[PDB]
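Engineer: Listed below are the residues making up each chain.
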Amino acid sequence: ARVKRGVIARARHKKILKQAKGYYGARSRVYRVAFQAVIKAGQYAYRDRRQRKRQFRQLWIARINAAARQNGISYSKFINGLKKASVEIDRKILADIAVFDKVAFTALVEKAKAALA
Amino acid sequence: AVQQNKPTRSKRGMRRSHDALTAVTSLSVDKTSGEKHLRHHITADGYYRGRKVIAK
Amino acid sequence: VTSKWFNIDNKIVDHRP
Amino acid sequence: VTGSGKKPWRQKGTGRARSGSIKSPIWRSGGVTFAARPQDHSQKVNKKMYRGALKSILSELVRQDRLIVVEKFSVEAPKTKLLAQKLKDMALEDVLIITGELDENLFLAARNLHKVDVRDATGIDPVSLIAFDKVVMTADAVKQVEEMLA
Amino acid sequence: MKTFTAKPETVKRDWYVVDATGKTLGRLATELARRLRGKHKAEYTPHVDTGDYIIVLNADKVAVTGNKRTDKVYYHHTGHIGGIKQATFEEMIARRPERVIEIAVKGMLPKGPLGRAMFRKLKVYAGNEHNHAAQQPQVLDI
Amino acid sequence: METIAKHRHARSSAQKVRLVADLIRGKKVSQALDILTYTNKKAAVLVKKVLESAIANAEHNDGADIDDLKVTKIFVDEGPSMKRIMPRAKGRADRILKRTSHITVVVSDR
RNA sequence: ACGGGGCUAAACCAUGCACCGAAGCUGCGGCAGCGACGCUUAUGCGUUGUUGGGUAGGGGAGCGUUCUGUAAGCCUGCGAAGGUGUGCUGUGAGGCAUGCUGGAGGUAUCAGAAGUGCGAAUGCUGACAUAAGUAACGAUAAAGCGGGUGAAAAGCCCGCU
RNA sequence: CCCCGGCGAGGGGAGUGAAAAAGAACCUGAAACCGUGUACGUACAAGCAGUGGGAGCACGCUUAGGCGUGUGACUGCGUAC
Ligand SMILES: N[C@@H](Cc1c[nH]c2ccccc12)C(=O)O
Ligand SMILES: [Mg+2]
Ligand SMILES: [Mg+2]
Ligand SMILES: [Mg+2]
Ligand SMILES: [Mg+2]
Ligand SMILES: [Mg+2]
Ligand SMILES: [Mg+2]
Ligand SMILES: [Mg+2]
Ligand SMILES: [Mg+2]
Ligand SMILES: [Mg+2]
Ligand SMILES: [Mg+2]
Ligand SMILES: [Mg+2]
Ligand SMILES: [Mg+2]
Ligand SMILES: [Mg+2]
Ligand SMILES: [Mg+2]
Ligand SMILES: [Mg+2]
Ligand SMILES: [Mg+2]
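Here the protein sequences line up with chains BQ, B0, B5, BE, BJ and BS, keeping their order. The deposited numbering numbers the first residue of the first sequence as 2 and each following residue consecutively. The deposited numbering numbers the first residue of the second sequence as 2 and each following residue consecutively. The deposited numbering numbers the first residue of the third sequence as 8 and each following residue consecutively. The deposited numbering numbers the first residue of the fourth sequence as 52 and each following residue consecutively. The deposited numbering numbers the first residue of the fifth sequence as 1 and each following residue consecutively. The deposited numbering numbers the first residue of the sixth sequence as 1 and each following residue consecutively.
Simulated from the structure, these hints should not be mistaken for laboratory data. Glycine included, each C-beta is placed from N, C-alpha and C at the ideal position. Heads up, a few of these hints could be off.
Unchecked claim - BS3-like mimics (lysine-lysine), calculated; alpha carbons at most 27 angstroms apart, straight line:
no.	chain 1	residue 1	chain 2	residue 2
1	BS	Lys49	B0	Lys37
2	BQ	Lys114	BQ	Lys103
3	BJ	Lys41	BQ	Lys114
4	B5	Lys11	BE	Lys95
5	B0	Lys37	BQ	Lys19
Stated by the list, open to error - Output of the computed footprint for chain BJ on chain BQ, the stretches with three or more beta carbons under 8 angstroms from beta carbons of chain BJ:
no.	stretch
6	55-62
7	67-73
8	91-98
Make the full structure from the sequences, and use the hints.
Structural biologist: Next up, the structure:
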């Protein structure tokens, strides 16, 4: 019972080379090179799913820090005053009100100042 | 010496960006025969600047 | 075919005895 | 594999991978690594396991009413159209007929019907009892099978 | 909901003018680099240049502490073997005073194409006069 | 309407013929015929014959007019190469490729 | 011989209160292993506790390919295998449906047997690249012109040097 | 049979045939490799060439909107097997 590998091998190779669309040079044409590229693309995508959470929070902190100092208080004192006032809005939403509703954000700074003072 | 890595099809067509041929632009017409020739060359039937220079 | 003439020559090959 | 025992090129100095034979199974047209030989694929069945399976098979045919018992099954001439008409009356199309001793008329009348096999009581086997849709036994074959099955 | 991102065509940029007389060199450069980058704005986006244009006047009157006036040395290499050149703080002010402020701010900006586009928004002058009256710069008491 | 002419198994490398074919792409046929006359390249003799051939097909087979035709498409493909042996020094042998081409010219009045 | 800019504190010592900071911990949703206990199982369900980085290596459970039986069955010229796209689907190897090409074969289910899965072996065979339109065109005895023929003549034929 | 061509090679029609992109280099006709056309990007910019974020543009959709496909300026991290 001789088995020929032609039809199965071609389909396994075609699966990898479809994931390599858009890569430069041999990385989208040549299996030995496209295989290593699709593996490293999955290594990066796993690693960068953790980092997407770190990079967005770091961005929200910078936009809260900027809008708070426009109201006369720093970030580290603004967040502390929200804890003493028992306000529990996360930084994702605070960075959203800072940009889109600056009159609500002022009301948050006054509440933080009243509790901190 | 010889290459350490195989050059890409992009480096190969960048090197050839200068290999293009340029066409002749000025093709003159003779004043009596009325036909075309290279400038400062006799026409294919033996004229130059109106006079039959070559009875071939 | 045979080896290249510089790869057979002792002077070229045997430089670190 | 037909060939020579000559080493294709010298061991060292040519810049090519080491070779010792052109019959190497790595090479095109070389040998198979673990080439087949003729082999015997027959297994052993204990006598008691063989007889035990027939009794399990036989009692399942009764339970699924795929077993039909008569004492009258023969034809008067070795004609295929006679047996085919007899089977039409009984509402059988795919059927194994087991007889005490096999008649020549019934053996010859069934050769050309591919859905019908006719057997003696000594010639039943496990696979044929499971293959055919119905089994017809003459009551003298029902006798002989049980002494054979002890 | 996706986090808001600033768009390079819609972002609004303003002009400011700063006087550098008597200011400490480094403690003025950090305030420039904050505002050239746009870190003072709630719309700050890392991959967009949201900062403002800033004119710095009297670059030659900037101050330093300690002995830095005679002892702070600027090095650069010309690319040729042995071409290591140096200048103290005193003779950079004498020969070309604007480079002192520009060099300091440039090391405090991000590197790469965006940090180079941020540096183009800084206008440094040795004198008290500038040419940008049509831009209506505001005084920045920083 | 479009009309095609080919020269298959033309004897020249496609890289050498492609230099000539880039000169007449998108030109009117009267202009392209004069360009190919005054090009000092062997491939210009090959490309011109295919161009004259495609022009004649347009008149005879398709009822087209010369004054409207324009070189709409032109491309050069690689053809099969013929493999030869050249002997080198010290008993080594090299393989020589004699490359061929396929020249396709499409003319159209539209 | 601060990572750099820069710093006279943005250095050092002491005290304090914030805050940032990891795949750690918590929240929410999902999957599986092992225990314990039970609506009762009939060998699966429910609750609960806990565990789930992994090389050499041990144990468990599967996918797909070729061939045999089921199968003189079933699908198929109203378009099979193969090729090439798209859509949906599974934890994965995978599967399913369909557009175009192709133009006559394929094969559920449940069992059986393997020449059963390749990126490496200075692996083997064929095809095709790169260097690159790059070196070279094989004695440094040497050519020039007129006529002819021809689709075309430096090189062929005739002539004179 | 006609036409271009050297009384060529090769091709374009006509015709045969179910099919000629079955035309003799002939069933199917994959990949490497080489091109033509269109959409986007690219000539102040430094590195395993991806990945996470992301503007703009082009083409489709469908509505009182933002979705799909292609491309990817800029930006964090990132030294193949
Ligand atoms: N070097 C010379 C002589 C030579 C021939 N074979 C050799 C082997 C080894 C050393 C020198 C040689 C040549 O190549 O013609
Ligand atoms: Mg063999
Ligand atoms: Mg026995
Ligand atoms: Mg020899
Ligand atoms: Mg905290
Ligand atoms: Mg975290
Ligand atoms: Mg584990
Ligand atoms: Mg094998
Ligand atoms: Mg391996
Ligand atoms: Mg080669
Ligand atoms: Mg070179
Ligand atoms: Mg040279
Ligand atoms: Mg040369
Ligand atoms: Mg010679
Ligand atoms: Mg002559
Ligand atoms: Mg074919
Ligand atoms: Mg640019």
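Engineer: Indicate, hint by hint, whether the structure satisfies it.
Structural biologist: Hints, one by one, checked against the model:
1. The hinted pair formed by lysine 49 (chain BS) and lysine 37 (chain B0) meets the criterion: a straight-line CA distance of about 20 angstroms does not exceed 27 angstroms.
2. A threshold of 27 angstroms between alpha carbons decides the hint, and for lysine 114 (chain BQ) with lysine 103 (chain BQ) the separation of about 16 angstroms falls inside it, so the pair holds.
3. Between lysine 41 (chain BJ) and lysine 114 (chain BQ), the direct Cα distance comes to roughly 21 angstroms. Compliance with the 27 angstroms bound is thereby established for this hinted pair.
4. Using a Cα cut-off of 27 angstroms, the hinted pair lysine 11 (chain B5) and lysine 95 (chain BE) is violated, with the two alpha carbons roughly 66 angstroms apart.
5. This hinted pair does not check out: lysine 37 (chain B0) and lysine 19 (chain BQ) have alpha carbons roughly 57 angstroms apart, beyond 27 angstroms.
6. Only residues whose beta carbon comes within less than 8 angstroms of a beta carbon in chain BJ count, and the stretch 55-62 of chain BQ has 3; three or more means the coverage holds.
7. Coverage of the stretch 67-73 of chain BQ by chain BJ holds. Counting CB-CB distances below 8 angstroms, 4 residues qualify, and the rule asks for three or more.
8. Counting residues of the stretch 91-98 of chain BQ whose CB lies closer than 8 angstroms to any CB of chain BJ gives 3, which reaches the minimum of 3, so the coverage claim holds.
Hint compliance for this structure: hints 4, 5 are not met, and every other hint is.
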